Structure formats: structure tokens, C-alpha cells
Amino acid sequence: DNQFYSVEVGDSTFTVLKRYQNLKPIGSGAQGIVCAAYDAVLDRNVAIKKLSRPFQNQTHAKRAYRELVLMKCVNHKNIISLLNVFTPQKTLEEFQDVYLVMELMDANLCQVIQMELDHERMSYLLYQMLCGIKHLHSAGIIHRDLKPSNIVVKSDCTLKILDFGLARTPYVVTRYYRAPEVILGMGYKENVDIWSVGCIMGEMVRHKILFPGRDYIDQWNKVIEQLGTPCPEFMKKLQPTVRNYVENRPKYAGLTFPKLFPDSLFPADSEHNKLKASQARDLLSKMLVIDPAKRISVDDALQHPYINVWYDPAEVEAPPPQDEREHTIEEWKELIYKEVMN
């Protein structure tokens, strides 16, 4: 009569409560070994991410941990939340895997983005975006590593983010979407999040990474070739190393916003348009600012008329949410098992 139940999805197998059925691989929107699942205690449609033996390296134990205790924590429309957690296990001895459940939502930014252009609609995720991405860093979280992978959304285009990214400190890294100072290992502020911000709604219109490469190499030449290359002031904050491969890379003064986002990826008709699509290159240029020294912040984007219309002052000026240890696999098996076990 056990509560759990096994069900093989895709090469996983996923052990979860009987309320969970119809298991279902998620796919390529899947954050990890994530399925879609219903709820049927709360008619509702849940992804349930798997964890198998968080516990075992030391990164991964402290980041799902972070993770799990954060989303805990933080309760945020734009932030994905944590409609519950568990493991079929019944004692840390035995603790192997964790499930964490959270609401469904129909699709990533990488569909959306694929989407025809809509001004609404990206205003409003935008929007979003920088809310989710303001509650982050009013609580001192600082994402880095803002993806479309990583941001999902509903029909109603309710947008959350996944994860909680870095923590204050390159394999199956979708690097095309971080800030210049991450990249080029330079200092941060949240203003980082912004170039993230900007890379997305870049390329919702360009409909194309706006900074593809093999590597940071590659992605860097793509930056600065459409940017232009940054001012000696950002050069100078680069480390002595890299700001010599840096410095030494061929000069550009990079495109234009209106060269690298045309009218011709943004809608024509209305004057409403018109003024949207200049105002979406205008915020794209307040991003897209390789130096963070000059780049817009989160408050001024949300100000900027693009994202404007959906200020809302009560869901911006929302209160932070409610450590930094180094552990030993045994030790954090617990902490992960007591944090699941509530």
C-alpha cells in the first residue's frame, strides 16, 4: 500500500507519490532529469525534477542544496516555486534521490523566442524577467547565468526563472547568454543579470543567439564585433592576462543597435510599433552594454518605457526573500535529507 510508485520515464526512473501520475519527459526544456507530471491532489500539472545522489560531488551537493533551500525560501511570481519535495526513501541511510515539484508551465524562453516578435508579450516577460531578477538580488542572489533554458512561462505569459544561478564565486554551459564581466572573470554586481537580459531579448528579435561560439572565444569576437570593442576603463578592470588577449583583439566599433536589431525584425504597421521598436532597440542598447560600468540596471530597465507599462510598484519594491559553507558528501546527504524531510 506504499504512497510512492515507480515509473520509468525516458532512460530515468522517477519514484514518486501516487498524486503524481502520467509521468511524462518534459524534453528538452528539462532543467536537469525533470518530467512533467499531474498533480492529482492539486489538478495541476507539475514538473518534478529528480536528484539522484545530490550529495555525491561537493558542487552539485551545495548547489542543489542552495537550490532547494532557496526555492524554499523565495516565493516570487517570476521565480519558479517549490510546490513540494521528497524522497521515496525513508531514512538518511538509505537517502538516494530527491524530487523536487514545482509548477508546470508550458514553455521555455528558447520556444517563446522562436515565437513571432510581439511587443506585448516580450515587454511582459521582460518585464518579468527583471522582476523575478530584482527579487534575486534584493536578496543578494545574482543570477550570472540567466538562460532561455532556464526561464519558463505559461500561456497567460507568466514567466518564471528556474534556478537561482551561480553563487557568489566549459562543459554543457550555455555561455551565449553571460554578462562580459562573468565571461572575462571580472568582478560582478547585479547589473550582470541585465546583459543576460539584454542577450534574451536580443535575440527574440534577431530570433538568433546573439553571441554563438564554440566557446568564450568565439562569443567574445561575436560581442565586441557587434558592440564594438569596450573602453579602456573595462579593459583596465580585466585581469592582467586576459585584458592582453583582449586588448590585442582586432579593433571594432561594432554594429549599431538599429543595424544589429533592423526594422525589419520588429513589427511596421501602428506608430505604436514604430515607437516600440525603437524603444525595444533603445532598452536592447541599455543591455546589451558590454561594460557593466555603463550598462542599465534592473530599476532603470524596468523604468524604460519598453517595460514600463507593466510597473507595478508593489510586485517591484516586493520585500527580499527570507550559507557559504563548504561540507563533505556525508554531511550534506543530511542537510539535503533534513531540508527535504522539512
Second form
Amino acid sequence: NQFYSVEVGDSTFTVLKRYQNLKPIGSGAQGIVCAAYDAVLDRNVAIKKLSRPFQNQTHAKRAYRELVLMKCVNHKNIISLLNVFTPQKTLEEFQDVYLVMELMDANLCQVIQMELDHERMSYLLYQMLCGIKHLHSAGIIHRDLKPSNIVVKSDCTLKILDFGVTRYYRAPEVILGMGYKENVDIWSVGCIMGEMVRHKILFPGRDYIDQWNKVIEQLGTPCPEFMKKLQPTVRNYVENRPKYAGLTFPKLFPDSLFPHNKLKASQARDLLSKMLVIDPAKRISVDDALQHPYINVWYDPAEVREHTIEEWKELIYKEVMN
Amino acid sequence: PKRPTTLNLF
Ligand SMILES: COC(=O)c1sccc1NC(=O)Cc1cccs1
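The structure above corresponds to the form deposited without its partner chain; please provide the structure of the form deposited with its partner chain bound.
Now the complete complex, all chains and molecules, led by this one.
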């Protein structure tokens, strides 16, 4: 028997024996993630048991899709998949898929609250943008970047966890339900950078109504060319709000909050004013953000269908052995 | 340019 079972909450992880001392570090939709020691690599890893991958076609095609993308979108700033396996030894039996990934040291939640120099601030942002660029290259728009989704190591390396609650980092066009593009994820980057500087969630609130208010309170009402673009119902709420001018970037992010230092401060603020843009058509792109003076200092080119359940099991199993 | 190699997560 190559496998053993460990009970984790109301879940059992049946894992290869090389994975030892399993302990929970995550609990969220998709499910329990356990940290573990990998005896063969002499390294800590994270093990995720996919949730009910053969519950239905929808779950199956999404499992298969998750597998293929993790197996071939590799990059220094996306958490790498180290192994995948099943404890079941036939298709008849096949139920569970286990993903083994890199384990870093922490979330951004920690780091956001600590005060960081421009070097670290902007190097972290550079890595974020690079990881996001590779995702998009692979055709993956994240839509839910946030600090708990982004992980860091003690040598200032940064990776993005995966690809889709805290709704504070989600872009206005999601909030408003208007459809979205790649630079949906630039807003989130703006929110995380803003919070790194101010040390407080930029746009809190109970719900999306409260959310929007904080956005307009601080950034000002978007213009009519944004509103026209809204579905009529959402356009009628959004046009009845107070017509705020916005607090302006120098006052949302004064020199005071920062640690060249004045024209590193003002570069940071300029980058923030180009990401924290309500209108996606007027918001900076990943390529442009990477090209910004604040981030560009680190630039290194080297870094920048219908099937039955049975039929899906066949395809997924092929991927597990790969 | 020399990128940082430390981050005090501790
Ligand atoms: C819950 O799932 C995860 O947090 C995953 S999944 C692959 C890595 C990590 N976490 C890390 O690398 C570092 C950490 C973040 C939070 C605790 S430790």
C-alpha cells in the first residue's frame, strides 16, 4: 500500500506516504488545503483535494480545466504544481484528485500592515504584475485577486495562488455587473498597493451598495460615458448617488504615508492614479503598469465540448498520471 | 538593479 489516510476535519486525505504531518492551512469553497512535509523532496508542500470533481459535467469540465492550466502555466510568480495523484487504482473506483503545490511562508495580509520601503513595495508589485501577465497569456482572467490569494516567502519572492467573502478588491465592473476584461485584475492590484501604503482596506463595507459608496466617496463619480455603458437598472442607482468630485490622489496618498523618496512617492501615487480608475477603458493595462517608472526598474525580459462523466474520468485520470 | 532578498515575515 503506497497510501495512508489522515482525517482532517470532516474530510479524509488519502495521500502518498511520502507526504507526512498533514495540517490544515486553508478552508474555502474548493476546500481544505493541508500543509505537509514531502519526504522525497525534503520540502514542505500544500495538498488540495479537489471538491467533488465528478458530481456533474460542470464540476468535471472545471476539474479538467484546472488540471491542464496548472500543469502548463508555469512561471516564477504563479504557485507551481509539484505533483497530482489519485489513491484509487481503477476508473470504476476513481473519485478523488489530489493536487500537490509549492508552499510559501505567508499571505500578503501580514505584509500589507507592515511599513515597507519602495524597493520591496515595488519589487512585490513587479512580481504580482508578472504573475498576472502569465495568467492572462494563458487565457486566465483571475477576477478575485486579494491579499489572501497572494503568497510570499522570506526572501521577498511572491506568487499568485490560483484562478477563480472579501469583496473589497473586486473591480467596479464586476460590482456593477457590466462584463470585464484583463485589466479587471489591475484594479485589485491598485487596491492592494493602496492598502500597502495606507494600511487599511481602501473600499470596505457590508455589501456592494456600501462598497460602491466608498469607491465614489474617494475616487469621485464616474462620468456619463461610463454610465451610458451601464445596464439601465444599475445605471439608475449609480446616477442617483451624490455627485462627488473625489478626494484626489495627493490627499488619498500623501507623502506622509510613504518612506528620490518624494519622486518615488509621486511615482507610486501616479501608478495608483492609473490603476484605481473606475472606467476600465481609462484604466492602465498590465503591460503599461509593468512599463511604469515605479515598476520598470526591475524589468527583466526573461520574466515579462461535451462528454459524459465516464468520458471526463478517462480524460482527468490521463492527466493525473499525465 | 539589485532586488531585495529579505522580507521580515517573522
Ligand atoms: C490555503 O491554501 C494555501 O494557503 C496555499 S495553496 C499553495 C500555497 C499556499 N499557501 C502558501 O504558500 C502560504 C500560506 C498562506 C496562508 C497560510 S500559509
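Take the two forms, superpose them, and find the largest set of C-alpha atoms that agree within 1.5 Å; that set is the rigid core. Positions refer to the first chain, counted from 1.
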property	result
Displaced residue between these two forms, judged on C-alpha after the rigid core is fitted, out of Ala280, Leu288, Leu51, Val298 (threshold 2 Å or more)	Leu51
